[PDB]
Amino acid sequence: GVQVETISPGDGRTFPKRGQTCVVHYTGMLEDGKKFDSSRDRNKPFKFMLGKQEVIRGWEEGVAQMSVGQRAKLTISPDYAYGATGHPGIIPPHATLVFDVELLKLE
């Protein structure tokens, strides 16, 4: 599943609901700490609509437990990310992913 650990608290009241657009900044890493993706490097926030499955299951379930303004570390198992096949060339098979995610606002 996905484990959510707080890095900096959000408002503790406003939680994402299915259908809303989450605007986040994130950095993805492999178990070892190797960065594979980061909206922060592109200095452009990433947006996705909750419930539309346009992101991995771990994001759908983990970001829904975060509140606006919160920054958390999500540790995601293979079955909630890219599974056995992974994404050859970027993500290994059966990879446990770690994401540093900050929820900036909801639209």
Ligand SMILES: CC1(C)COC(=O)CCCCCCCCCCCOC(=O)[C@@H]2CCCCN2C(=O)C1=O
Second form
2 protein chains.
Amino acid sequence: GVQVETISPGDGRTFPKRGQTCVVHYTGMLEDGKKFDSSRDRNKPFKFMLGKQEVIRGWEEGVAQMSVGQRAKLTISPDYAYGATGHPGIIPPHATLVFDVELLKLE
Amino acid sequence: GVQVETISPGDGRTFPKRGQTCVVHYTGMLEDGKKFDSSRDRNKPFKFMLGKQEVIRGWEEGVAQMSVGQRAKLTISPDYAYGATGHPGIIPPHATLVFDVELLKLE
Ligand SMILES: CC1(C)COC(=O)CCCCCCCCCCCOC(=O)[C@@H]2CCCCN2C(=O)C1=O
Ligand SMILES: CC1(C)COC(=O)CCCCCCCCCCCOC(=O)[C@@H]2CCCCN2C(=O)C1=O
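Please give the other form, namely the form deposited with the ligand bound, since only the form solved without the ligand has been shown so far.
Expanding to the full complex; the earlier chain stays at the top.
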């Protein structure tokens, strides 16, 4: 499923609600440590609307467990990520993905 | 034959030679992405001697054209795999096989 593991505590009070835009910085890597992308390298935070289902299930369910200001490591099994397909040219088939996510703010 | 499609490049200069032990991680799938075996799943690299014929011909010709650190998707026709006999209870007769292979190192 998605396992969430705190790197830095957030405020423990403001959790995203469905319909809110989460603003995050992230780095994603394959289970073996090979990194495949980071918004920090573009220094452009990534934004998505929770509930809209435009990101993988592991992100929808993992980020909803986070409060503003938290930095956490989410390790996402293949069924909550890209499955047998992968993401062409970046993610291989059946890959467990590990993401370091920081929830900057809600909009 | 075997088609090699690269997921991530290796050095493009250290290719395996006859008699060397190739150390790889792999996932074996039928064309629909259904996984029938994976070394990753038992967390043990697979090792074989290039030129010994102990692995199907698509693996001997496919991995000979990979360089260290490369991860590639090999699509193997049945005549380079198990032909009409298949592999009892896992692979059907005349099945095209897809393997995700990462050449981790040479010994
Ligand atoms: C796509 C992928 C492989 C690679 O992403 C990029 O190379 C650039 C991202 C630029 C922003 C557009 C992304 C649109 C989101 C929809 C793609 C689904 O992606 C995901 O769910 C996760 C989590 C959010 C970051 C992207 N994401 C990922 O799995 C990734 O990191
Ligand atoms: C056998 C099969 C269905 C199942 O394989 C295993 O269960 C591997 C067990 C671990 C190693 C045992 C020694 C296997 C020696 C090689 C046997 C022939 O297999 C093959 O050529 C291909 C390619 C290499 C991985 C095994 N391979 C395959 O076609 C497979 O994945």
